[PDB]
Amino acid sequence: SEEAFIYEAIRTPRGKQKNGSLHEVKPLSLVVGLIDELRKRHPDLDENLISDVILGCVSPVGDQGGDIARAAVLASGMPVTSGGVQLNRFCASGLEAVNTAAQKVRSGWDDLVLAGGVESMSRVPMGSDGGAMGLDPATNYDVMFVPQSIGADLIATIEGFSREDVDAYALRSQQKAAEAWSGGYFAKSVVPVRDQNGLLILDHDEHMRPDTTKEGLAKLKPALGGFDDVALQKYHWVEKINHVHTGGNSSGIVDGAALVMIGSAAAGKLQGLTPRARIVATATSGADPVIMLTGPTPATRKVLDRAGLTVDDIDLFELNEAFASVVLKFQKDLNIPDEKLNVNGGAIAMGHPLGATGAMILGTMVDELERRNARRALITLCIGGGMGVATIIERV
Amino acid sequence: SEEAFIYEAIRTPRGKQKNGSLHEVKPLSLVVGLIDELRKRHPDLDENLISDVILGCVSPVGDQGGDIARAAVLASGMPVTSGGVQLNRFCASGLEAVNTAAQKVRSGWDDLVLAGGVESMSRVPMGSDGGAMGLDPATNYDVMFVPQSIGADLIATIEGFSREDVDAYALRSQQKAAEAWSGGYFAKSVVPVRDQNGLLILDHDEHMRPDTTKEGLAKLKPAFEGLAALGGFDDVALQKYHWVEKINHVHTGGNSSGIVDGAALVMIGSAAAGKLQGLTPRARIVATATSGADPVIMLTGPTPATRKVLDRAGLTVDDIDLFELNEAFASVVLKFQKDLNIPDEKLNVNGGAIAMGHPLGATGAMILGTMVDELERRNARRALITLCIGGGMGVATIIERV
Amino acid sequence: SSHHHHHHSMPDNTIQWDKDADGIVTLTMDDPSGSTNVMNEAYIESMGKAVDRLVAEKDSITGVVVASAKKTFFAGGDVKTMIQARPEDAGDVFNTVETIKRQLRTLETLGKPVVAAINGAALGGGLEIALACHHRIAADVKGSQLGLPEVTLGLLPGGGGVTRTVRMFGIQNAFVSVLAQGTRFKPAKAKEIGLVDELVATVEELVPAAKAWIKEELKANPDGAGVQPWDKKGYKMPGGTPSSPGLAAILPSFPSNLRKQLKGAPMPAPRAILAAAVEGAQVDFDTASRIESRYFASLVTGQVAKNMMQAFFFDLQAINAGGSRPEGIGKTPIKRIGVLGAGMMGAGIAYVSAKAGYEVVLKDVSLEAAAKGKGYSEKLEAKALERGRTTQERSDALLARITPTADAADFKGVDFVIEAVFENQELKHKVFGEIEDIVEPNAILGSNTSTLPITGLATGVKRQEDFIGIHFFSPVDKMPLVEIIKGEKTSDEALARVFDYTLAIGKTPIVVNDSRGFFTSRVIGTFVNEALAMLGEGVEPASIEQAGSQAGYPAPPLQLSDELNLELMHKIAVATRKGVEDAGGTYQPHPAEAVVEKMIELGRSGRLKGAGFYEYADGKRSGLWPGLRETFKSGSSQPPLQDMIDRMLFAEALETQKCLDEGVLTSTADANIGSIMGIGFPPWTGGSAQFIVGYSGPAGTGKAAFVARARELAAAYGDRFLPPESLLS
Ligand SMILES: Cc1cc(NS(=O)(=O)c2ccc(N)cc2)no1
Ligand SMILES: Cc1cc(NS(=O)(=O)c2ccc(N)cc2)no1
Ligand SMILES: Cc1cc(NS(=O)(=O)c2ccc(N)cc2)no1
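Protein chains in written order, with PDB author numbering: chain C, 2 to 223, 230 to 403; chain D, 2 to 403; chain A, -13 to -5, 1 to 720.
Because the hints were derived from the structure by calculation, they are not lab data. Just to be clear, a hint being listed does not mean it is correct.
DSS-like cross-link-like pairs, simulated, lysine-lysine; straight-line CA separation at most 27 Å [said to hold, decoys possible]:
1) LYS19/C - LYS223/A
2) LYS589/A - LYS247/D
3) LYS227/A - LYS19/C
4) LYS611/A - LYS222/D
5) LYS624/A - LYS339/D
6) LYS480/A - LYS498/A
7) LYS309/D - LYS339/D
8) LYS469/A - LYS498/A
9) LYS589/A - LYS624/A
Work the whole structure out from these sequences, hints included.
Below, the structure is given as structure tokens:
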């Protein structure tokens, strides 16, 4: 019945982990800044019609605890009837908020919902929230807990991706990310962060090393347990894991946030908003918790059956660059064309602010569909714990 | 478009805080015990059709961190495609999980979803996650941060609820909770917690004080065992409510919700979902609504949220057979009863959190399944469940028996 | 990242250099442009050169000593420059303190011990220079003070004070003790808390003890030489970090306890200090130091700082520098004071006069009443003995200078009369006539009058020259202002003698020309009347008191109206109504007069009669009278809270402009400080006159916006809010 439309999709720049510009900025004030930008774009928007604010956050502790979404509603002066809820599905928390918001609009019990995520990894490091899956000896044996870097190395070992193969995609992501910045692709969707005085704090992606060379990537080097032995205990047909993933061919640890406004056609009509894309379908899948990073392939196929589409029907494929082997495995399975996959750079170059990544690359595809005058795009991410998500958008 | 139905809604007994029985039980084990109970009810159910497990948790730290829902999916051996996600909307996280699960079914992109919550407050106390609204002086000023204890006393101050009034409802809750337990109302929905050897750990809401007397509640002292005992929050609250001279501190530990451990699980699915798995529907999710309120009183949220869910379903106050408001504080219920003219015989007929406890992230799903079993026992049709939320929010849900 | 202020394309030097054969550099600060080392543009470049030199010669330097060749050490910064910082200049303000702290951070992290030679006042930025050193030695000289009084001017310790004090004592202790109120510390108390480490007798021992401490530190502590406790691996912030469970349990109460004390007033300085302190404890030192700069630039470019810097610095300077004093006059010393009347005023005048070392004779109508007036001074010394703020040796000599008496001849040898009898004109003529001849001939004849003009009171004495108005404020032991009223026949020497007397007892004087109501009691009349009229209009008393407290007043208006006594407020209106009808006119009464007269009919006319707007029992104040709502139909009028606040602030600001127009006040400085220290005007406004030029409302900022808001109040409440022609065009 009610179709869900994307009206605005903005994001903050990504400040690097060490000596980052966003290290002095609380993660709450990052979300408030994006709320003020939506106010600037639509000053006559009736914020009373905004019924919920959904944010994704993998480490909701400290500066990110206590329902950071509700804190963003009250600190920004939004109406108290605007809700505010925080969710966490590991790496796909940002896109899960978008999907849940769209599903809330389709049910008819929500008219205008803000969705997104925030993750200040320099202030709240990964794993600060603890977790029974990793810090409880009973569970850490049942789920066969292994860090995602080893699951990625296990992917490259089985599929046959060499160190040069993963470093090739790493160099490719750095080149396409700089070309997007130089071309002004991210000019309108990247809202620079400023202090309480208006002074600039950050206006670009710091983690990008655009002058990367294939010789420098090979200089990089690839961790205190038997996670290798634990992984090979389930994958008994492979003798040794080839650790090909370094800091230059994996996702970057950065701080950042992203916001997406989702509503029905009547919500934008009443509030004078113009739709930019339509949420076609969403799907949730998973794969075994050892390899962990093979969720995209079954999740993408599931979202294609729902929409009745194939790989040849999609114009752009956006997969989160958590690790290089994850993208090469996803590209090899579905035979994704090399010119449709992460066309405006990826997380290896720009970063992976966990809870905000799924909402960042979501709006990134909204821009490229409108820039190329294309039609469809499929956004997917690999999830910790062995889950997978997928979302198809159609330009309007 | 697709109708969402409740097929099973179970919960664990609520173990008290000090010297509690569920203190030695990891909160993840509380959810796996409920997952294993569903398999005991329907051994032939193809769990591959379960696409998501949604749990509410207000303090997702320590034993409750790292997507505890996913840990439940993996530790209990559920299919790896069953997802898992935690959500935090303060006191209504348990119902927000069911409302989101229902909305996930209405979109048609999710068929069978498990929803509920978990909160082991004897192991993970409130505030363990921190938060900018509390631990940031800039945010703590813009958002006039005042704990729920003062907002409850402020409601009783404005509406004129005396100390005997709030203590009268506390006795009322303890009485109706004991009648429900002694009457066997909870026999089939409160799954007793056992250990790795099948030995009994807890099979009742051990926070209940059933022999409570009016004279006993009067001897209790006003709340001064938390952040409220520090100071300033009374001055801060009256700076916005400047027409009020003095806040009458009437809420004690006997007329407020109990600090307990517990968990709840609800299975929501479409009409075709339960048909394929051979599940008999018990109730239908009619409508949900979410409206907030002023963040200083922060507990008047149930009043507008109940009206918006009635207007969406085309129903009035007279069409609801049972009302279930979370007994966070006595004044929150008296305010809700005074506003909408709720008859006394329909409001929390089987006790509430004052007697049985309030396991934050799991309460919304606990009191939800309570009404699903009471609608069938009374053979009534409609029931409305609502909660007051921290920060000044509200969530209401209408269910219809099938 | 450079120690200098310009990377592009001529100030003086204020720091000397001296390296010894041991390798110790003595940085002696000596600014030639003034008698006090300030944190001006010259100091930044002077220190920028020295710190650059400490690095290029680090191979021949073993330690550093920071000394001063002035009486003080380093008192404050350049207020004349900061008060002009526009919001556009936020980038330059941020880079300035970031450059200042970049110098101190290198001095601090030099691998060599740095000792401070605090030879005097180390206030504000000066203490920030000392806190950057690794060891501090203070000379226990008289007059030396150490603190961070940046909050009193509307600013914050932006040269590392907030970051370093929290690193030494934690968030809670550094905020309360040093940062929040900017309290000044004596050298003994400074060593006691942790600001200073050692003490010496004279200033000639500082540099020797500084170099001696360097030699022993390099000898017995070679590894930790020149390393602060937070630059080590195992630094544990005292009291914990915001991520600590013990501190997290009480951290949410700091903004509420601060809002409890500020009473909801718009003072962003303490709020910003607490923010920078907590945000600073979450990150490293350098990241915290940068956050401190952003909150600092947030205050300098604001309006509250420009009001507090104008009043509590520039306006306070002109007053203490003889701006209101009559010029070309000598100082006639005082030998013995005689206070007439031993009430709450007369006893308070006798205490503050005897505390300064003056022999005071306390006369009343009986020995039972005069000795009981001296008991007001005894009951305060027993409080200062328990708190440990004075010694028995110095307190027994304090009460010994108070001679209570009832015989008028005991006023022999008195060269300074301060009358505090009842508000009755012919009584003051009667009181002064009894003793005008017994006192010395050229004695000051002062009168603590509230409304009666000094010109009329002077007719009851033979020498109208030495008759002057010395207006005090109860409680006299705490109120720091003395309103001096100049009668028509009052000479100029009497103005200067009472001016010097005010500074002698540690108070602030203002000079006011003789007029009905003077300036203090007249303007405060428009304050309590706007609240009383508001109560008669049907506004809730709780909302009135809340609006009065959130405006910035020390006491709410209805509470003040009980201590001001409503029967005297009825007498003022009858006196004002008489003067208009005596001149053949038509008196337009104030809407508050009917509220006063109604309280008289009910018998609740203030605290003195045990009942007023509040209920009084057991001496203390209980609460608002329950019969107040049904009497005035409270609740039938619910105006916005900001309208209640503005109606009280604008009534005084507009009434202050009349005093400047009518010739009552002669300077804008006496209008601001006289209203702040006299009637308790909110300090964030910078004074009742500064409130006009520095008004910051939602419609604008400045005199044009003040007039606009006055016309909003005028069209909605009455013509009394109409701005005079002196504010228009
Ligand atoms: C540390 C840390 C956090 C973290 N979370 S994770 O990478 O999301 C993860 C979750 C489940 C499993 N089974 C493995 C990894 N993993 O390590
Ligand atoms: C401490 C602490 C946390 C906490 N959580 S809370 O009760 O959910 C809450 C949330 C928002 C506001 N404004 C007040 C209280 N309450 O006290
Ligand atoms: C403060 C302060 C000064 C002050 N002046 S005062 O002279 O005491 C006074 C007396 C009566 C009336 N109606 C007004 C002021 N009163 O409080």
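Right, here's what the structure says about each hint:
For the suggested pair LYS19/C and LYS223/A, the alpha carbons sit about 20 Å apart, so the restraint of at most 27 Å is met. The hinted pair formed by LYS589/A and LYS247/D meets the criterion: a straight-line CA distance of about 26 Å does not exceed 27 Å. Distance check on the hinted pair: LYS227/A and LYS19/C sit about 22 Å apart at the alpha-carbon level, within 27 Å; holds. With a C-alpha separation of about 25 Å, the suggested pair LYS611/A and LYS222/D falls inside the 27 Å cut-off, and the hint holds.
For the given pair, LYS624/A sits about 26 Å from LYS339/D by alpha-carbon distance, which is consistent with the 27 Å threshold. Between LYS480/A and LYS498/A the alpha-carbon distance is near 26 Å, which keeps this suggested pair within the 27 Å criterion. Pair hint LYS309/D plus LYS339/D holds up; C-alpha atoms about 18 Å apart against a cutoff of 27 Å. With a C-alpha separation of about 10 Å, the suggested pairing of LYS469/A with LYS498/A holds against the 27 Å cut-off.
For the given pair, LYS589/A sits about 13 Å from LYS624/A by alpha-carbon distance, which is consistent with the 27 Å threshold.
Violated hints are absent here; each numbered hint is respected by the structure.
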